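One chain follows as C-alpha cells, the form solved without ligand IMN.
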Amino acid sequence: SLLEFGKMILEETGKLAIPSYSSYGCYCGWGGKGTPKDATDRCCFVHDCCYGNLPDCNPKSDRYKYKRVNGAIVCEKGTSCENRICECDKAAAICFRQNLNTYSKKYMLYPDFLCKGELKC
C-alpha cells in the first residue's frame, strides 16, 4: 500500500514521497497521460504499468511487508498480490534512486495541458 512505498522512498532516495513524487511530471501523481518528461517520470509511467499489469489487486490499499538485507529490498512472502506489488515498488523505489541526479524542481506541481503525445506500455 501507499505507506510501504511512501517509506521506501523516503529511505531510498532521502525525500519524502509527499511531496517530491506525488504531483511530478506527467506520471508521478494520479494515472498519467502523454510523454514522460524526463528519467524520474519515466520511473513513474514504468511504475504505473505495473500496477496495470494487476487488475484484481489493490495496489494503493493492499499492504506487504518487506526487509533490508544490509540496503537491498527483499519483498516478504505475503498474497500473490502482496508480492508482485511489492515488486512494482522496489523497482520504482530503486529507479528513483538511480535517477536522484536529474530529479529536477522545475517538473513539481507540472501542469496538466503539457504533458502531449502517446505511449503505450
Given for the second form:
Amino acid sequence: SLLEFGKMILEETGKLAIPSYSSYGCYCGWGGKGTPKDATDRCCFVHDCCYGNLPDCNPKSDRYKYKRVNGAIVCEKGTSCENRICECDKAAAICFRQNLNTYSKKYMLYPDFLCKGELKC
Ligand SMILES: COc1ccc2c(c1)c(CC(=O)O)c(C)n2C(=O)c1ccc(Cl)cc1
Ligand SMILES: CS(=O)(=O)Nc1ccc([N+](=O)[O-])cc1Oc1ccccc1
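Got the form solved without ligand IMN; any chance of the form solved in complex with ligand IMN too?
Shown next: the complete complex, the earlier chain at its head.
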C-alpha cells in the first residue's frame, strides 16, 4: 500500500511522499509518458517500471511489512505479490535517498505538456 511506501520515503529522505514526491517531474506520482527530467524522476520511472512486472498485484492497496536491520530496509515474508512489491519500494526509497542532493523544486507540480517523448521500461 501507499501507506508503507510513504513511510519508507519519509524515513529515508525526511521529506513527505505527498507532496514532495506525488507530483514531481514526469513520473513521480502520475506515471504516463515522457522523458524523466532527472535522477529522482528516473527513480520514479524505474519504479513505475517495477510495478509493471507484477500485472496481477495491487501495489497501491496490498500491505506488506518491513523492518530496519540497523538502517537497512528488510522486507518480511508475506504473499509473493507482497514480497515483490516491497522490493520495488525499497529501491525507490534508496534511489531517492541517493539523489536528494539533486532533488529540484522546479519540478514540483510539473505540467503534463512538458512530458513527451518515448521510454520503454
Ligand atoms: C506501468 O505502471 C503501473 C502498472 C500497473 C499498476 C500501476 C502502475 C499502479 C500504481 C499507479 O501507477 O498508480 C497499480 C495499482 N497498478 C495495478 O494495480 C495494475 C492492476 C491490473 C493491471 Cl491489468 C495493471 C496494473
Ligand atoms: C497512487 S496515486 O493515486 O497516483 N496518488 C498517490 C501517489 C503517491 C502517494 N504516496 O504516498 O507516495 C499517495 C497517493 O494517493 C493518496 C492521496 C491521499 C492520501 C493517501 C494516498
